[PDB]
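Shown below is the structure under consideration.
Let's turn to chain A:
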Amino acid sequence: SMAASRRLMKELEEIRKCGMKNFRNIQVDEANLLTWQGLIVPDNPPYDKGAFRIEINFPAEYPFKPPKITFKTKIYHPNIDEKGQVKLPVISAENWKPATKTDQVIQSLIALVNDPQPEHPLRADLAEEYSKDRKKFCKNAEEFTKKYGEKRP
Partner candidate 1 sequence: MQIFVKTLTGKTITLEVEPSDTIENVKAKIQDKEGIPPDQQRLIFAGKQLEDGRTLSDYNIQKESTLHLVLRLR
Partner candidate 2 sequence: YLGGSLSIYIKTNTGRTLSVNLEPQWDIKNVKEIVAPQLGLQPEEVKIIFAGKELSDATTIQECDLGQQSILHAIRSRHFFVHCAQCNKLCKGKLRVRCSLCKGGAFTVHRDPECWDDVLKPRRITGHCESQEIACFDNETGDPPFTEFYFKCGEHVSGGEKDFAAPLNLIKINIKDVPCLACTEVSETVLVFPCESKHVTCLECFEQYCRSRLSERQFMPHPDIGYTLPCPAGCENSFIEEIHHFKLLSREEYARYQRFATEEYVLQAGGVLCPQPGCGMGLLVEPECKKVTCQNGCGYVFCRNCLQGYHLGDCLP
């Protein structure tokens, strides 16, 4: 909770100055340092310029335990749960190095969104759809993502 929270704070500081276009609107509630709020704008058409609000809660053992991520904005995606939970290989406790920076994980999440992976689905129905039929998937995708998610210039 010392070399943990301070590293977390240092990562946050570097993320703030690195105002990368894809991840904007950082909201770190001053009360709890272990929880973050964010807003992500994908460049790709299935989730075109539609900002999705995510929340990142870090464990009290942050340096040695992978953080979990939830989606407060509903999203039509195979690797994303209905509750909003996300299966990111970089996160999963089976293969997570402590040195892995937060921004590298966020960039990995973005890449996961732009190009979904049906190899390991949390939501099987959507995975079978995208693998077999893309155009009808994209229609349902874009329709839903214009229906939920706040656009940002």
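The criterion applied here is as follows: a contact is a pair of C-beta atoms (placed from the backbone, for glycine too) under 8 Å apart; a residue touches a chain by one contact, two chains touch by 3 or more; residues count from 1.
The set was built so that all candidates are chains of the complex that A comes from, given by their letters.
> Touching chain A in this complex is which of the candidates 1 or 2?
Per the touch definition, chain A is in contact with 2.
> Residues of chain A touching candidate 2 in their complex?
1-4, 6-7, 10, 61, 63-65, 97-99
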